[PDB]
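Asker: One-letter residues, chain by chain:
Number of protein chains: 2
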Amino acid sequence: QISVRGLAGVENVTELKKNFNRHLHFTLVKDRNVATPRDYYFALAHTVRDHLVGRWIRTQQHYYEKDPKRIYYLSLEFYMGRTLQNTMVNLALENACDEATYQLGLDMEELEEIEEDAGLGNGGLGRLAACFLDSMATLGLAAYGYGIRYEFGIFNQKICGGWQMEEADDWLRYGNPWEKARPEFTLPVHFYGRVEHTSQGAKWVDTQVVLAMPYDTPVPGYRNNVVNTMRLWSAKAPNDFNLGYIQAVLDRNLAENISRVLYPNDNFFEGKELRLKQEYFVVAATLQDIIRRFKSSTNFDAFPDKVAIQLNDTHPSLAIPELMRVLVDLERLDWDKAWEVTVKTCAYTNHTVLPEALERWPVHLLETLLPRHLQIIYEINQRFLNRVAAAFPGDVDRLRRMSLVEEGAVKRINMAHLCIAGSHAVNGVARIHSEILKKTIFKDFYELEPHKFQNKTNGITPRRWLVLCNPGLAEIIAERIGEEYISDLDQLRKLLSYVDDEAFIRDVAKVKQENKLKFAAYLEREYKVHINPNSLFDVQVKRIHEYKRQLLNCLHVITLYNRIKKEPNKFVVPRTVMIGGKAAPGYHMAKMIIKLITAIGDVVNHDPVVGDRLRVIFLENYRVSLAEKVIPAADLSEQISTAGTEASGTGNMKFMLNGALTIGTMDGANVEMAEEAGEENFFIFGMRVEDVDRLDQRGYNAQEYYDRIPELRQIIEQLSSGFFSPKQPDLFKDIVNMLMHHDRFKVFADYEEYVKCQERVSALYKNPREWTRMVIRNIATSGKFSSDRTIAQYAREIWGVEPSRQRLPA
Amino acid sequence: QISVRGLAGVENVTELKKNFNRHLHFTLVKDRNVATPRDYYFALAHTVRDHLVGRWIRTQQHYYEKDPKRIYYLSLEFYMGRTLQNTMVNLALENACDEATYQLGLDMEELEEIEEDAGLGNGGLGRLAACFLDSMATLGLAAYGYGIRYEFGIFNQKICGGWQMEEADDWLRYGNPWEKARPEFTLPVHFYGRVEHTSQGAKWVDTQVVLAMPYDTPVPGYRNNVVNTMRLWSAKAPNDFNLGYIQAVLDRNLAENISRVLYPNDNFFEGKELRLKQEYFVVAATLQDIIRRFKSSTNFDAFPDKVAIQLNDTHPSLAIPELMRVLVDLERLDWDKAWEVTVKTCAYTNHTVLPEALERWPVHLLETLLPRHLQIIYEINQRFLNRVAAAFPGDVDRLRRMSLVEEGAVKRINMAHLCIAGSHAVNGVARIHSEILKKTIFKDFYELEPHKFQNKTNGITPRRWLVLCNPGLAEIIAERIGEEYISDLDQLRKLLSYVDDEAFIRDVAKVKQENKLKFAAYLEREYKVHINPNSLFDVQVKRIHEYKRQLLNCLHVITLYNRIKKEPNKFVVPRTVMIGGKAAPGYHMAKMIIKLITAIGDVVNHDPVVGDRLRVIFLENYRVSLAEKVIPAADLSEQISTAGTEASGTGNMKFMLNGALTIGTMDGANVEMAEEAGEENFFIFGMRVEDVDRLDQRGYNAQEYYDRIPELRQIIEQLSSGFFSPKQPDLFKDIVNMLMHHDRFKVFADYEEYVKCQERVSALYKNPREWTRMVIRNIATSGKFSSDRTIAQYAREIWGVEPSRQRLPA
Ligand SMILES: O=[N+]([O-])c1ccc(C2C[C@]3(ON2)O[C@H](CO)[C@@H](O)[C@H](O)[C@H]3O)cc1
Ligand SMILES: O=[N+]([O-])c1ccc(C2C[C@]3(ON2)O[C@H](CO)[C@@H](O)[C@H](O)[C@H]3O)cc1
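Quick note, the sequences are listed as chains A and B, same order.
Positions 13 to 255, 262 to 315, 325 to 837 (full-length UniProt numbering) are the ones given, in order, by the first sequence.
Positions 13 to 255, 262 to 315, 325 to 837 (full-length UniProt numbering) are the ones given, in order, by the second sequence.
Check before you lean on any hint, since a few could be wrong.
All copies of an identical chain are treated as equivalent in the list; a pair is satisfied when it fits inside any one copy or across any two copies.
[Claimed, not checked] The list that follows gives simulated cross-link-like pairs (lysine-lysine, DSBU-like), each with its CA atoms no further than 35 angstroms apart:
hint : residue 1 : residue 2
1    : 42        : 333
2    : 656       : 537
3    : 30        : 192
4    : 42        : 30
5    : 215       : 170
6    : 29        : 42
Simulated from the structure, these hints should not be mistaken for laboratory data.
Here chain A stands alone, though its shape is the one from the complex:
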């Protein structure tokens, strides 16, 4: 049908059809008479998977022969989503499979909807890892993603009576065609035990053993025949485990629980033992794999020349003392040499400045679980603090501030401090965030080792986030400037010369309308909700957190409702306000915010006076597959975090690429987005970081705003009195109390400017032509936000490797 989806050749279509029929018979053990849509999905998945294998084997043997420097990306989260369409896109198989399935009497888009998301992440951090894997393969880097194969990913969210309910995401129920179990490469991981000092160094003895079994998933690059590997470890009990008999076998579950479930906290630290076990499990298994592969190329001087380890936040921070453990205790290297190798091998990416998200492990936990690692951490701290003392003599408070060990009621290890000490590079994820790191939380470290500190602004893959989810936009762009931009997104700048092109303006607006129609149809089918497709689609989708200020959005929604009710016969630009996102199961306030949103919807959506002018919808079970549907349909992207709180954001970039305009604070990557597009083409409002600082120095008093803004006062009085909960008048008392007395994120302080800015959005939307011209200027300047740019920078500035767009032989 469309050009960017590749060729549908007679030979290819014929071959795909026969392999589809082969798999249905031999693999699924079904015939066309009893086969269901799910059977058809699996037959298609196996058919496409077959095309990966040759490339996968030859890529990995190529790395063995050429022996390039290997990049190991360690993460506790990989939010991969669906794999079928992505694989077809990267292999240029989409049109061919579309034709083949059509000739078999099947609709491929229907089949694609059957696949479960691989939901092995919480949101932004996990999705970044996934975009990064795609870019690393596209840029021909010898890269390996390493993590945990959770049996249960992020929970499925159900909404019952306006409240979030959680259910287990049993994503492996029907099997995972994309993974290859590798039980032959199983590795032992040690826990507990004790340290024994001998004539020749320390020994870690009397340990409990858990086995780490790897599952490998292919990661295809964009049309370059490169297929890299994501290796995820699964926990297994040894066969003599606990070996009355029956209970011993049943107790194997205790060891195997390590890989059972993803912790569902977004930007929050929970110091549970099981989480620590997960973190060591991934690190210990991965490092053995790294060392084995290095030895199969004695001389560890060359280790940093052949190995780069990237720590995705502090979650895999134990890699630092684990590498030291292996080099000192097992390989018999002297401390100083081992440390030099470790520092040159490891690099650390920080993803947030929120204090509650920072990992600070109680010493007593590490003492019991990982006694040798604690000893190593103490020794690292002593040697590091000796360096600080030499550089800043007499500065005793600096010594306590910089220590890896924090004193108090319970002694803790600061994992961020550990990472900085043991890494040659430390980066933030957007320019403003990286600057905040050097100015505030890591100021002392920057002063000691300025060369260590870098910025690497986040990005998103244009394969998943344009070509896959928005083929219509990809096609109209390709019609004018060709296909090269898909792996070189800076080429979108060429679209600036089409901003006054009448045909292009029409096409851009047509594509958006088509996307909105499709999404309005999706909503009616799966959720029985009706929306006006001519209204402005106002979208805020992201995890529910106070810092992200879904509450500020709520206040605007109520303002709009109250203004309509005051002047019902006055014209207003119609809006569909969509808010979606999951709350962490133990985060009470986040769960109350979800309830508020649905409660507002219950009032607004059923008021006859409002009509079709305002609709408020909560998007249930927000996840990667849903993002692919809603983002192409959006007109307005809500990126309204308090300045200085969102390290980068990546959702923001997805909306920019897909033809939505942005309303946002000068926070995270929003700053760079506005810089790229021009401030005139962005709806910027509210306090800057400096303004938040001034308010903090003075003391934030919410009452002041309540007293001086009558429209704001009305809303608070409505919430308190039970206007949005008639049967339970005091339901939202916690929310009002927080807003009025202990709001860390200053919702009221940005209210007036936010409402004002929203009026300017509505004004522009009244002029379709000028709205679309501004959209074109956003799409055209979104190139910087490709994860190909991000990864090229990591490669050149941290890892010391050169990217390559050269094809491997097919």
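Position chain B with the ligands against the provided structure of chain A, taking the given hints into account.
Answerer: Coordinates of chain B with the ligands only, in the frame set by chain A:
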């Protein structure tokens, strides 16, 4: 190489080679440069599996079109062993695959050794189910085996310091190529809850739900293109299970533990809740499947015309009240009609008379777990006892004896009584056993309903137990009488005309010598033990139990040793005595017997005066794959249970078919074996059942034998004094105490006749020609013991279906 292994055609070999290479590439994702023997095994298994699929699909659609009466064989155990060779044998692919792998530079026999046993059974009962499945497919019956897919089968046995150690049999670690998961056919199973009485019958409410997910394994018939199904259920938690969050997900293990592990008890009842859950789990899921398939053919009058349910012992006995539950509570049938259908549908096979093996469930367990089933059981009992009272008026003691409810300290339900009441046929498993049932434990029931009671003497499949494990013998037989005997074992009678044939005598003896050489080589390679291949191979392999009297064998071994030590320079026929078998983990005496055997070996095997004249070896980890190796190599089969204790035995039949002579008591199928071969061709000794009864009436006094037999006295004095345990003098005190004071199985009573009989064995072995002629007379009369004969009898006399040897189209 050999005829019975089929043709190796040019087209077939070429095709097998290319499909092997295809699977290695696309399925295993390996190339020849990094592939291991295990990879090669899996490539072969997938290649052979491909040949099953067409036949599997067309067999099942054939049953859908023809709608024959379906046979459902319910068992908690299916001891399948390895599948690769069996599949090749039944599909006539053995020589072709041998050639194809040879041309690829691989040894197929080496590859076959990689496959794990499917060890989902304890011994005889589980292996009977497996032989039965093979015969049902070979006889073209529409038969389905239903059970549980245990994650862990029978434990692997290790011997440490002469003691049994258990380890988990992680049989699924590398995956199971033979099963097909069918998550789409998952069914709910209910536990706990309460009974609610309404205007329209009882309702079972407030239940806990566990999901039953089926895995299907193909069961190929012998060269008839029939492929039946064994469906095994796996336990799964529902997704809202226990739905703080983390613990709820972790607690899913509680539901899923149902299918975790096989209870390792052979002939012993352990009244644990988890075992009851397993039994209901299989029954509830299976019955829903049966009813669904019946409805997809309202009128339950035809149910028994279309469905037969065979209960393999009392383990699936809950099928009776569960069928009643479904028919009465859910389908709204009247009690009397439902009962008529149930009785006509169900049949029960009893497998033992040992009191400790009989299932007697505490009422309080059933009350809590299955409250509705208990109510139904009570109602069945009341109506049954009303029938007894009408037939035998005033006989109050008969009423208490026959009741399904047993009174006492704890009230219990007798599951055997439940099965007899609710089945139209009740059978024992050998003529003597079936007679014992009518004369003793079920006398009252036989008197009430004589027509119900039948015999079905056990059998073994000649495919696995001759063609597969002993191709050399199969071939020399085929050379004379053709190939028809493999599916018509009665044809072996034709070999009686070759008993004086000098060429045949030589060939039979040659095949045995070759088998002995191969096994002697297997022992040295995998276990580093050296044996004389010219010695008589004296073998007792079976589960370790007091009734099987491994101890009597031990006494003879010591007698032989003591006689050698008394007269060292006197000639004796050299023996290798091999004893193998697993002990239940909680069975202390059985574990002590294993220790005794190894302790005797430690003394005998290292005495320089003995030389190579006597060797005592404990065969570690006895299992189906090991049986296939040792049975073809045996000269003497030890079947020495106390008369009236071994219901049938099946190991006995395997040895008979493979050219060993039998030393045995008149117990179980031994009686019929001797009847078939002629008593002159069997080494029969010891008490008959009537002799055991006489001794019981008089009182068994072991001291009498000790006092009157000096050779026996010596052995007891050696055991007591510490001759076989110098470092721990009193180690075997429990054994001596049991033998002397509380021996239920009268070891001493058969000692003299046993030793005498063994002398006659040694005498015959001195004359190779006459030994072999007697062997030929055993092989020639083993035909009755084919499970094809057994299944034909079940089909005609219980199930009301006719077997068929007709081919389905290929
Ligand atoms: O399980 N955690 O402890 C955890 C999860 C997710 C995060 C984050 C941090 C964050 O999103 N999720 O990383 C993204 C990728 O760099 C940024 O775009 C977000 O601004 C940041 O909040 C931090 C810690
Ligand atoms: O788990 N159980 O409760 C259980 C297991 C095995 C058995 C048996 C009974 C037995 O062997 N195993 O059945 C065979 C097949 O009919 C007979 O050949 C044996 O004589 C009998 O002991 C009974 C009960």
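Asker: Need the list of violated hint numbers for this structure, in ascending order.
Answerer: none
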